[PDB]
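The chain contents come next:
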Amino acid sequence: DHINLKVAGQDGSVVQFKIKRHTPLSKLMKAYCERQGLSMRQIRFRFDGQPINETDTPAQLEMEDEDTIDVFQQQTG
Amino acid sequence: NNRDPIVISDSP
Numbered sequence: 016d017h018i019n020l021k022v023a024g025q026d027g028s029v030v031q032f033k034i035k036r037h038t039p040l041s042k043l044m045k046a047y048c049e050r051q052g053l054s055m056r057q058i059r060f061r062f063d064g065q066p067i068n069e070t071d072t073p074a075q076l077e078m079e080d081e082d083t084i085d086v087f088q089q090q091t092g
Numbered sequence: 357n358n359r360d361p362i363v364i365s366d367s368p
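Sequences listed follow chains A and B, in order.
Going by the entry's author numbering, the residue at position 56 of the first sequence is 71; the numbering climbs one at a time, nothing skipped.
Going by the entry's author numbering, the residue at position 11 of the second sequence is 367; the numbering climbs one at a time, nothing skipped.
No lab work stands behind these hints: they were computed from the structure.
The hints are all genuine.
Pair ranges (Cβ atoms, derived):
| id | chain 1 | residue 1 | chain 2 | residue 2 | range |
| --- | --- | --- | --- | --- | --- |
| 1 | A | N68 | B | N357 | 28 to 36 angstroms |
| 2 | B | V363 | A | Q90 | 27 to 35 angstroms |
| 3 | B | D366 | A | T91 | 32 to 40 angstroms |
| 4 | A | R56 | B | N358 | 18 to 26 angstroms |
| 5 | B | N357 | A | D80 | 18 to 26 angstroms |
| 6 | A | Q90 | B | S367 | 33 to 41 angstroms |
| 7 | A | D80 | B | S365 | 18 to 26 angstroms |
Computed footprint of chain B on chain A; a stretch qualifies when at least three of its residues, placed anywhere within it, have a C-beta under 8 angstroms from a C-beta of chain B:
| id | segment |
| --- | --- |
| 8 | 30-38 |
| 9 | 43-50 |
In this text, a Cβ means the ideal position worked out from N, Cα and C, and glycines have one as well.
Modelling step: build the complete structure from the supplied sequences, incorporating the hints.
And the structure:
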């Protein structure tokens with residue numbers, strides 16, 4: 016089966032992320048990163064306030080269906 | 357409403 020995660024950008028973009036529960040969240044981060052055409056070191060993914068690691072997974076973070084993910088941008092200074 | 361669709365590839 017597939018899980019649908021709600022990733023929203025600060026611009027108000029909602030992406031229909033069709034991913035599984037065992038698929039690494041790292042791939043998810045890169046996907047949106049490439050989608051908008053930005054660098055992975057430029058954006059920060061937060062799940063329920065907690066930052067998502069490259070070793071994290073939906074099944075690990077106990078992410079349920081229709082779970083929301085916030086994407087912040089790295090401060091320049 | 358702005359919607360962007362992303363499909364993920366999962367390795368078996």
